[PDB]
Amino acid sequence: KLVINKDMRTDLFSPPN
Amino acid sequence: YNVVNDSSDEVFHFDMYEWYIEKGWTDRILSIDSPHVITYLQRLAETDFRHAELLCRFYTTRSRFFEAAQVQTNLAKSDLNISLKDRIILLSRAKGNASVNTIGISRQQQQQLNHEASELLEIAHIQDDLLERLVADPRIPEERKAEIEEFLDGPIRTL
Amino acid sequence: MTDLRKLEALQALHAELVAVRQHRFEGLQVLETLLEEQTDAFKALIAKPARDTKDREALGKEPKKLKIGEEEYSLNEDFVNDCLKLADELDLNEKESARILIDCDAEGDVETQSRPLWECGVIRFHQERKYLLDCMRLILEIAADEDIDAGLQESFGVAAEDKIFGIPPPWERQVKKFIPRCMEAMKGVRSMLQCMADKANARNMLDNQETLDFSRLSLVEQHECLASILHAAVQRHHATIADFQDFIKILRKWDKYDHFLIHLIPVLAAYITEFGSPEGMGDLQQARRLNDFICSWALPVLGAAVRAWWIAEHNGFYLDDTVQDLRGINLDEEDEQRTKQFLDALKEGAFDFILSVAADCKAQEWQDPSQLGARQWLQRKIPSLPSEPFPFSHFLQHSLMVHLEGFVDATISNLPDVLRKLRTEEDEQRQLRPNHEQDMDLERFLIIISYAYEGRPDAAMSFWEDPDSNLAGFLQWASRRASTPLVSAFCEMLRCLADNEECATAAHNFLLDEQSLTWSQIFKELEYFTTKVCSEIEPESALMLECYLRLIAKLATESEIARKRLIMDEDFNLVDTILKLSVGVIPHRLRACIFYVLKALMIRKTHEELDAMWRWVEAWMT
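Chains as they are written, first to last, in the authors' numbering: chain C5, 732 to 748; chain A5, 992 to 1150; chain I5, 1 to 173, 181 to 212, 222 to 311, 318 to 536, 548 to 568, 590 to 676.
With the rest of the complex left out, here is chain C5:
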């Protein structure tokens, strides 16, 4: 079961908080 969702992710190249 795979579902691509380019819309809302988490910037892999920016730190958190």
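To be clear, the hints were calculated from the coordinates, so they are not data collected in a lab.
Hints are not guaranteed to be accurate.
[Said to hold, decoys possible] Residues from chain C5 that face chain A5, not an exhaustive set, calculated with beta carbons under 10 angstroms: (1) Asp742; (2) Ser745; (3) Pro746; (4) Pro747.
Even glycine gets a Cβ: it sits at the ideal position worked out from N, Cα and C.
For chain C5, the structure is supplied; the task is to place chains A5 and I5 on it using the hints.
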């Protein structure tokens, strides 16, 4: 050691199974005919990896390969603190143990478990290839890597 | 059921292997499922954990609750006593011993056999090794079956390489080889059997007699299975020189003659075939060292037979000078050396030992009274077996006969001059001292040939297909003028080489003229003996007459042309001669042989033959 094996104190023999496990004496614990130690493990198998591994050794040496594949698979899908690579070993063992005949269990039940372990092992290897590559990537900031290691070095994620 | 224990798992697995072997492929999908569950079992042939003190002191300290794997059990003062007893008799770990006893309580076999609980543990333990090892023989046996699908034949082959021999398949890939584990495995069976007799004899010197007998039977069966597995593994060219030297040393250190030696015979035969004969590790240089190494022994007949077999198998290199290199090496010296070595081996009693082993192998509880005293008139000096109930299998006999026929073919195609000189020596010895009995080397060799070619028409036909080959050459050369023993041996060989009708007809056509033996001389001697008895007789004459009668009966029962010819032949008149001989003063053996010949001649008859037989009977009884 006579005085030890000549005892009927049950809390004692439980405390000694735990102690043998602690010291690493797979030598003496695996060499007990008794089911009392098996039954003791069956209650805490799904509580700790090290105990589950002992339980699976008892099953395999008794040609009960399917029951070990069941313990190993559930342990890999669980939320216990188990590393991804340890979950790759558990699935890989379950895959082998479910691929061979176990008496009293239908070919259909074996294949369905060998298939679930094969799919989860395929996903786990992908996740391991990712985690390794991301940690080693020069173009990834350190701040993010620690975050990646937290979410990928544990239970297996969806594709 | 589906949740079967170790014992029930092996017992069920064994039944599946028999199905595939008996042309029943209804359990293919179910067979593969069992090999995966018992993978850890096939890895280790037989291994008992050493008795540890941690479990001994802990078991008796708190004999209240026992935990084995995932299940839990409660120990009582009665069950705990059986664990220590079983562990002591077999020197098995307390944990492993307890599991065996627990399996009996669940299955509830105590009532099916009505025996103590501790004794059942000994049987259950032996059953595991039986099926665990016996099932392996079926895998290799089915993997070599040519009368099945090529695909299925290959499935069991690659599986055995990994499950039994621990060799991974070609599509993938600290560990110990299979042979060293098998050698140590069989060693444990010997030490366990030796300590069993010592302890058992001490107490014996009860209700467990049958259990001890069954355990001994299981042990000998497991040893035979291990020997067969080792032979099969060696047949795949998976050995070396170290294993050969170790086996030779073990043989040199052999103490008593028993079934184990007969089981190991084929192992050494296959070893010499792979190494000695040019059908294996064809390293001519390596063979030279092994020759000097083989050429201490606590039993000279064993060394004599080994040297004879090695010479017979290794004399095939020195036939031509085009397939190999033989430069800078002398031939006459080596030929004389091999000849003297073979003569010494014969004098030591190699063929005698081979014949004794062949006889003891096919020891049958009952034998047909039509062949009494046949092949039992020699001088056997080798001690016999203790007569214990250790029956042999069928695959072992088949392999032994195949190896014997191969050795016969090799000795006939490699050492003809040896046989010629031996025959001439025996002849001149019997001539210069008739009062003494010369050696029976040639007679024993012919009897061994007969034993090898028995119930195997596919191989017996080779003596009739090509009349110009070495086999037919020797067959026709061994029919010239000779003494009574050689003629009797040749007649017995002909009789045993008539398992079917085609071979019987071939022998009939080859015996009569188309010098070698002919029916004319046979009937002339019969009439001479008849006139002599009717106007004393020596054992040789009686033996010759009995052999002739047995051969005639066999030819009449197997062939039809001979039965229709001799019955109404005017020049032979065999009926009149046999009747005149039976009505004379002779032992009952000749009368019985004549009656059996008459029965064979009258197995298929018509109205005219019945009338003639009744007329003759009335004329000779009135």
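Results of checking the hints against the structure:
no.: 1; hint: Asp742; verdict: holds (9 angstroms)
no.: 2; hint: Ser745; verdict: holds (8 angstroms)
no.: 3; hint: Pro746; verdict: holds (4 angstroms)
no.: 4; hint: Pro747; verdict: holds (6 angstroms)
Comparing the model with each numbered hint stated earlier shows that all of them hold.
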